[PDB]
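Form deposited without ligand 40S, single chain, as structure tokens, below.
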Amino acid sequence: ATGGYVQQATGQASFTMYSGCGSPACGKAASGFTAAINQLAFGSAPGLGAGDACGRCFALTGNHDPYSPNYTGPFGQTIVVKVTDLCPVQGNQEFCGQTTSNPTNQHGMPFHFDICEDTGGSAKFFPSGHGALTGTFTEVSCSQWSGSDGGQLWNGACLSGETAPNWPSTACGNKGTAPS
């Protein structure tokens, strides 16, 4: 996409969970299940505001635990998240360090979703004792996502991806150039 960001409606991803998504990089939180996506897919950088991932909805499916490779299952449920947040390259090399010159992370995944724990998404997705997974994702209509958006936290906040057709397309728009 514009800026060199790698924004695909389906593919393979790794998955983790995080706490505290009430002031996220898109500038609006949401009451449903939400996630941060790695910088190369988010479409912005820290401090530059919302990228084109903001507001888009994705079905996520985990099917492998790289830290317990002999674990055969069960895995969690497939969940639908709305992307509200950025998992930046800085401080997240293992999972979110994809760049244009090296577009996969340390688990070989070209995308990463950090699922917010606060609103319940991670409890549906991660079995107890298995907090990092790999698997797949697919962008879906936000008709498949339960919840409501919060109010804007600053000027320029955006979740307009929530009404956009799947990538390739433009809603909030990308900011700057993807990390190299």
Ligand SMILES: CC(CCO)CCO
Given for the second form:
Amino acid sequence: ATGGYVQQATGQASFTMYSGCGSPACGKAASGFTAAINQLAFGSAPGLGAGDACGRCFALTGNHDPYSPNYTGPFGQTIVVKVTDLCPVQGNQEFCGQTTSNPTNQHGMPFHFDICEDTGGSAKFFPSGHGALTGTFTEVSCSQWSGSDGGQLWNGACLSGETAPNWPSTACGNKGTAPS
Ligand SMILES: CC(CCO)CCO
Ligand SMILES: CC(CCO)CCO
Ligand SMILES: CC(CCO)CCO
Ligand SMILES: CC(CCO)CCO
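For the form solved in complex with ligand 40S instead of the form deposited without ligand 40S, what are the coordinates?
So here's everything in the complex, that chain up top.
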């Protein structure tokens, strides 16, 4: 996409969970299930505001635990998240370190979703004892996402991706150039 960001409507991803998504990088939280997405897909860098992932909705499905490769299941449910946040390359090499010259993380995945625990998404997705998974994502209409956006936390905050057609398309827009 513009800026060299790797923004595809469907693909393979790794998945983790995190806490404290009330002041996320897009500048609005949301009450439904939300995620951070790796920087190369988010479309911005720390401190540069919202990227084009902001507000878009994705159906996530886990089907493997890379840390327990003999575990056969069960896995969790497929969930629909809204991207509100950035999982930056900095400090997240294992999962979110994808770049334009090296587009897969340490688990071989070209995307990562860090699912926020606070609002319930991770409890639907991760079986107890299995907090890192790999699987798939597909961008869907936000008609498929329950929830309400929070208010702007700063000028320039954006979740406009929530009404956009699936990638390829532009809503909030990408900021600068993707990490090389
Ligand atoms: C759970 C929400 C309550 C306000 O709608 C806040 C999550 O950001
Ligand atoms: C995390 C669970 C799904 C939520 O109902 C895994 C099912 O065992
Ligand atoms: C809140 C659910 C929709 C109920 O109709 C979706 C999340 O599980
Ligand atoms: C200077 C930045 C632009 C943010 O809109 C990043 C340059 O790559």
